[PDB]
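Colleague: Make the full structure from the sequences, and use the hints.
2 protein chains.
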Amino acid sequence: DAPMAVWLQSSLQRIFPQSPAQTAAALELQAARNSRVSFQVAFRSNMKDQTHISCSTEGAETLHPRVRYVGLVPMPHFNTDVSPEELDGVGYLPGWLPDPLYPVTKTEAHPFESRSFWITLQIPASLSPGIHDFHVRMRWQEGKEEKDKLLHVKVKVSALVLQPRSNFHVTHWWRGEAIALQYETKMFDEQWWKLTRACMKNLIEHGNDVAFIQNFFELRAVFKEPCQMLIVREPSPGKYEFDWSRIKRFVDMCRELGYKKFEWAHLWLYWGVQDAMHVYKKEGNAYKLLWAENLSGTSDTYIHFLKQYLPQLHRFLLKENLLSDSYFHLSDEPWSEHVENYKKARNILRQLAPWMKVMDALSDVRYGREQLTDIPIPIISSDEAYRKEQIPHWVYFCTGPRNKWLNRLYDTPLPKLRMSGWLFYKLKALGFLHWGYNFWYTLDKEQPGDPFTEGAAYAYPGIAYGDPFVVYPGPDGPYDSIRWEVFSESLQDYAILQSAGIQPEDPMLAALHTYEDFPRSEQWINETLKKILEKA
Amino acid sequence: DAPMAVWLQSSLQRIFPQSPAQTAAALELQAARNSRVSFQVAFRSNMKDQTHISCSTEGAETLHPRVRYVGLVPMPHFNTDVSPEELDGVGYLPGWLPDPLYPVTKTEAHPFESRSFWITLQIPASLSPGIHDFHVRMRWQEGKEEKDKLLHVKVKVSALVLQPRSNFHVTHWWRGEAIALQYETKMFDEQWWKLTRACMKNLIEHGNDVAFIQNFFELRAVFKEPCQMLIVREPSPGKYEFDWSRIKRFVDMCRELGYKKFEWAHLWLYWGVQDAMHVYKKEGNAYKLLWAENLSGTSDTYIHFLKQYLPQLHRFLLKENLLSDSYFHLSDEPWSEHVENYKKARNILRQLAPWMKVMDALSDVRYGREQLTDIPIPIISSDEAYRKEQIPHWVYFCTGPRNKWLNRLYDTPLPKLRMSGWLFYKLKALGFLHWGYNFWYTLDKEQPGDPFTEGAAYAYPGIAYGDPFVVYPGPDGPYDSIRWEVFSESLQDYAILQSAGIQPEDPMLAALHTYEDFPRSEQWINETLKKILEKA
Numbered sequence: 007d008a009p010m011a012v013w014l015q016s017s018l019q020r021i022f023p024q025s026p027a028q029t030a031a032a033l034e035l036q037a038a039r040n041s042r043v044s045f046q047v048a049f050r051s052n053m054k055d056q057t058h059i060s061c062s063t064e065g066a067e068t069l070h071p072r073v074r075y076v077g078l079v080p081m082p083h084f085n086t087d088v089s090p091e092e093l094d095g096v097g098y099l100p101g102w103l104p105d106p107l108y109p110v111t112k113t114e115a116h117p118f119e120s121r122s123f124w125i126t127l128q129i130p131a132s133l134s135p136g137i138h139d140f141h142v143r144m145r146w147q148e149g150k151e152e153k154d155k156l157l158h159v160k161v162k163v164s165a166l167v168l169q170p171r172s173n174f175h176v177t178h179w180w181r182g183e184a185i186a187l188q189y190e191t192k193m194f195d196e197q198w199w200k201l202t203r204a205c206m207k208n209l210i211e212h213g214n215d216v217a218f219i220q221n222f223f224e225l226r227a228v229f230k231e232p233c234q235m236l237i238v239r240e241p242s243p244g245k246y247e248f249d250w251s252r253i254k255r256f257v258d259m260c261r262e263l264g265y266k267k268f269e270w271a272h273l274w275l276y277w278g279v280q281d282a283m284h285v286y287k288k289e290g291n292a293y294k295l296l297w298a299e300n301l302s303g304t305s306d307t308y309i310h311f312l313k314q315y316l317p318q319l320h321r322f323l324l325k326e327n328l329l330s331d332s333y334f335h336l337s338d339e340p341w342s343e344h345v346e347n348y349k350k351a352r353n354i355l356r357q358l359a360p361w362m363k364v365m366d367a368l369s370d371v372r373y374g375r376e377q378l379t380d381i382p383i384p385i386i387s388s389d390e391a392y393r394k395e396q397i398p399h400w401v402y403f404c405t406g407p408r409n410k411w412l413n414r415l416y417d418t419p420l421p422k423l424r425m426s427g428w429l430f431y432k433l434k435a436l437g438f439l440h441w442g443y444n445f446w447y448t449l450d451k452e453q454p455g456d457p458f459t460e461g462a463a464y465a466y467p468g469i470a471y472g473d474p475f476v477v478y479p480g481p482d483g484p485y486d487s488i489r490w491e492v493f494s495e496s497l498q499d500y501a502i503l504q505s506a507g508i509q510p511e512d513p514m515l516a517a518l519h520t521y522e523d524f525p526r527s528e529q530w531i532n533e534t535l536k537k538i539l540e541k542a
Numbered sequence: 007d008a009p010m011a012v013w014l015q016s017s018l019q020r021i022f023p024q025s026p027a028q029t030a031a032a033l034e035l036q037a038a039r040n041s042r043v044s045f046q047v048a049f050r051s052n053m054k055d056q057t058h059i060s061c062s063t064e065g066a067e068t069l070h071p072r073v074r075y076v077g078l079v080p081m082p083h084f085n086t087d088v089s090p091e092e093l094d095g096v097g098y099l100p101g102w103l104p105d106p107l108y109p110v111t112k113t114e115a116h117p118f119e120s121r122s123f124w125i126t127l128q129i130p131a132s133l134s135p136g137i138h139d140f141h142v143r144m145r146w147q148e149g150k151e152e153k154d155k156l157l158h159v160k161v162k163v164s165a166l167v168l169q170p171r172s173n174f175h176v177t178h179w180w181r182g183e184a185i186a187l188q189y190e191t192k193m194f195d196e197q198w199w200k201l202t203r204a205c206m207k208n209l210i211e212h213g214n215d216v217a218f219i220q221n222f223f224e225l226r227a228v229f230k231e232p233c234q235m236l237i238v239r240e241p242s243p244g245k246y247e248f249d250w251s252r253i254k255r256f257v258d259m260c261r262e263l264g265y266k267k268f269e270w271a272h273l274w275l276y277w278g279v280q281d282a283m284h285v286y287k288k289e290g291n292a293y294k295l296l297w298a299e300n301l302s303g304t305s306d307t308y309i310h311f312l313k314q315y316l317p318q319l320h321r322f323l324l325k326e327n328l329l330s331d332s333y334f335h336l337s338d339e340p341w342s343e344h345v346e347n348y349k350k351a352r353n354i355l356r357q358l359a360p361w362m363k364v365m366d367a368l369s370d371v372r373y374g375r376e377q378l379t380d381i382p383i384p385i386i387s388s389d390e391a392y393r394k395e396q397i398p399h400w401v402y403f404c405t406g407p408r409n410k411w412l413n414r415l416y417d418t419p420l421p422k423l424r425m426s427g428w429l430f431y432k433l434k435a436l437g438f439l440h441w442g443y444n445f446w447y448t449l450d451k452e453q454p455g456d457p458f459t460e461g462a463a464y465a466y467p468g469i470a471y472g473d474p475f476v477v478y479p480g481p482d483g484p485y486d487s488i489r490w491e492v493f494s495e496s497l498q499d500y501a502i503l504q505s506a507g508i509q510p511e512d513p514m515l516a517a518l519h520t521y522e523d524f525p526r527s528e529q530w531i532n533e534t535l536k537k538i539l540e541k542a
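From first to last, the protein sequence lines stand for chains B and A. Heads up, the first sequence is in the entry's author numbering, so the first residue is 7 and it goes up one at a time. Heads up, the second sequence is in the entry's author numbering, so the first residue is 7 and it goes up one at a time.
Since the hints were derived computationally from the structure, they do not count as laboratory data. We put the CB at the ideal spot given by N, CA and C, even for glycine. Heads up, a few of these hints could be off.
Unchecked claim - Simulated crosslink set (SDA-like; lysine to any residue; CA at most 25 Å straight-line):
| no. | chain 1 | residue 1 | chain 2 | residue 2 |
| --- | --- | --- | --- | --- |
| 1 | A | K54 | B | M193 |
| 2 | B | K287 | B | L355 |
| 3 | A | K54 | B | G406 |
| 4 | B | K451 | B | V238 |
| 5 | A | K54 | B | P467 |
| 6 | B | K54 | A | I385 |
| 7 | A | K112 | B | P80 |
| 8 | B | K153 | A | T86 |
| 9 | B | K150 | A | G97 |
| 10 | A | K54 | B | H83 |
| 11 | B | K54 | A | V96 |
| 12 | B | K54 | A | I469 |
| 13 | B | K54 | A | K410 |
| 14 | B | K54 | A | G97 |
| 15 | B | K112 | B | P80 |
| 16 | B | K230 | B | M193 |
Claimed, not checked - To be clear about the criterion: a stretch of chain A counts as covered by chain B if any three or more of its residues have a C-beta under 8 Å from a C-beta of chain B, and this derived list gives those stretches:
| no. | segment |
| --- | --- |
| 17 | 45-56 |
| 18 | 106-120 |
Modeller: In structure tokens form, the structure reads like this:
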């Protein structure tokens, strides 16, 4: 019963437009130094004439506060195979969902809608440990009369200084064809490069320390304009020339951004390890396949090609000092019937690039058990099986699994999602990999989508909402999403555990048994974080 | 707390996706003979895996039952200037809205989502009076087991038999450029015709009894493909031949469809009565304006045109026995200052077609008081004034008025809407005119729209959500809508009051004071219909 309502919320609960107004005029936060922390300024107009509302900070200049508006996106259905307890927004969804973050400080307030601003504060290392407080001012208008509300935010800055994450690597398969579709660019033109740079930058600032390189276009579908950063020419039948300029430019750029580790494209097409990679040549203005679409991975054409490419890849890797900081891929999620196919490829690799060390999504243990993949990446559903065999490994999730498992879906509750870094830490993963940073377009088709109105690349329910991307295409690069922010705060919690000497076996992490059985309460997150930042 | 919930609801409350499951296993309806009645079969899945559900009727053959699926549309905001006490779906909106009706009997059931089928029953005049019961059968699948549920429906059909509506006329300005834009047809091609016929049949089956003729294209905006049903040639400068073949074909089709009365496009452009209508001729393949688009309404150019068209119009009207069954429009929605210009034009009309009686949408009472229009159409907001004066008049709305006033918007509760016919009856309206039956495209621009994702012609809040269309474009014709059905049943209530001889002054209608103050309860509708159908 008030014309306008503002309150402050933790960055860990969602604010759906229907949700009733809160009061909450103060907010208490905990932060390590050399970190960034986040919160929500929520508002609900009780008037029926539309108005304007603008969100500013005062007294937080040294915190470098970045203010964004939480935009909404349609969500038609809940995802499949998620019990209601495990689903965010019961009673508010299906419906509108907060996800994209827009760079606006003043928006329109609409009648009886609840919306939020998302503030990120950069807690610098050179900050006195203690409580630092500032104000957020909300300015709106009732009729012609201007009004404001001042809200109070205090941050308990800890003595703890976060040190760069180490011995843990995160990679996403950012997509260059996705940029070329959503922005209508020629692949690798200057706008393409500008957007790619903005993406890799967004990644490394969110915890992604591995720069993926799509040297070969990664999809079974044949494109007219594929993302293949390796320039490949064929001056005679079967003689290949390789031009590394794009990959070189990429690697130089990524190193200038902060990347030290790099990941490469597969060498055999997915599901079965039975087909060669599609490799294209520029014919006038088109890109045509160098060979057939059905060309076998054991065919003399592909073997000849590899006997030329792999040594040249080696030359490049050494010349540029990439060889030790490069993960290489063979073929993904090989099923338990083309093991020998994989093994054939592996042995061909051994005979043609013995130096090469292989990393592959592999969820059946009787693959790592036999060191088929040098660095196996099970899906978290198989993490426990790899952990009884004591095979060191990475983890990945995509779409599956769901329900009680970890994911970062639209309907994954944010506290459950913030648990990611803790689970990576306590369960001693070597790294995390995800296919869906910015899969903005139509699954398996050279056709653009619309992330702002389709969250599953047109493949629900098989593809879950929010799985193909965590960023939204914006005019100059990615727009961060609430999920991306919470995930990066989660990786930052991994960094906290690291830089506070907390051991995976510490009893305060004890309830984190598997990637399915672990505390989802924001209360757990808050109190654990307290202990860690207070004793430090 | 069962895997699958099915219940029965009236046609008068919406069913939102978050809406909690109900139990109501039977449902009493009441109808009069020769009527159409409606109800809803709702289901919420309580399973995490997708399933299929099919709706069927059993034992309702004589009622020619129609089974349709209630589709959902986005609703970004609430409409402005509507207090909570007047909004439908509080705490479920903004979000997904039930509105489009789809010709499917079997769909996917999605997790934790409340959806419903819409069933229209045809109660025939011959039918014996009394209580007629039939059943609904819901067939879904749980895992691998086939599940089904019988629901009971009792119709209490009265002795009263509905006589066709007398002395009250409904017209909607359906748009043929709307057809041209959404279906990407060339104007007046055979597909355009088949779709127009579909729309006209729809309108008359929903109690719209006036066929609108867009003889001139109504918009102030210059289209390259205008909808100008009159063909106009200019063999010498300023001599105009007219070809009526398309208006002939339209009138033939409408009369074959049951249409008796007809309405015509305006003669001066809207707001100020100052500019000439845009009239076009063909130039090879393009359409050209005949004159400047700044052309003055009192210019010599335009008057010389009217001196030729009006007698020619009169010939056409005589040749087809239209003259007495045709409404004519001068210039839409002129403001209070503009009466001057209207007077000027009106007298021009009198001196060049003295036979012509014009109706127009005129909110200021000085239009009616001074007989500037032969049939005034005040906005319902202004109705009471014309009633205080006992000036006969039509009523209309559009976008506004809002709040407690009657309207037909997305968030207008359905009981409020069903009161439409009752207020028409008790308040002695001559007729009802609405501008937006199928305005499917961008407000004032020659660009398609998407009525499935946009509901205000891209003009929220200016245009309110739900104003520009009550029908959706399906592949062979219109798709009905919940609001459309309820509104047709409102006109059907006008027919009920008329057929049982309930005088406007009957006490049961005493609560209906203005178009802003009147009972909005579904109990009121139900109990009053009870009274009328038991006296009979």
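Colleague: Does each hint hold? Answer for all of them.
Modeller: Hints, one by one, checked against the model:
| no. | hint | in the structure |
| --- | --- | --- |
| 1 | A:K54 / B:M193 | violated, 41 Å |
| 2 | B:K287 / B:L355 | holds, 24 Å |
| 3 | A:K54 / B:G406 | holds, 14 Å |
| 4 | B:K451 / B:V238 | holds, 23 Å |
| 5 | A:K54 / B:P467 | holds, 11 Å |
| 6 | B:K54 / A:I385 | holds, 22 Å |
| 7 | A:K112 / B:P80 | holds, 24 Å |
| 8 | B:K153 / A:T86 | holds, 20 Å |
| 9 | B:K150 / A:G97 | violated, 28 Å |
| 10 | A:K54 / B:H83 | holds, 11 Å |
| 11 | B:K54 / A:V96 | holds, 13 Å |
| 12 | B:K54 / A:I469 | holds, 15 Å |
| 13 | B:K54 / A:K410 | holds, 13 Å |
| 14 | B:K54 / A:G97 | holds, 15 Å |
| 15 | B:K112 / B:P80 | holds, 22 Å |
| 16 | B:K230 / B:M193 | holds, 11 Å |
| 17 | 45-56 | holds (count 3) |
| 18 | 106-120 | holds (count 4) |
In summary, the structure is inconsistent with hints 1, 9 from the numbered list given earlier, while agreeing with the others.
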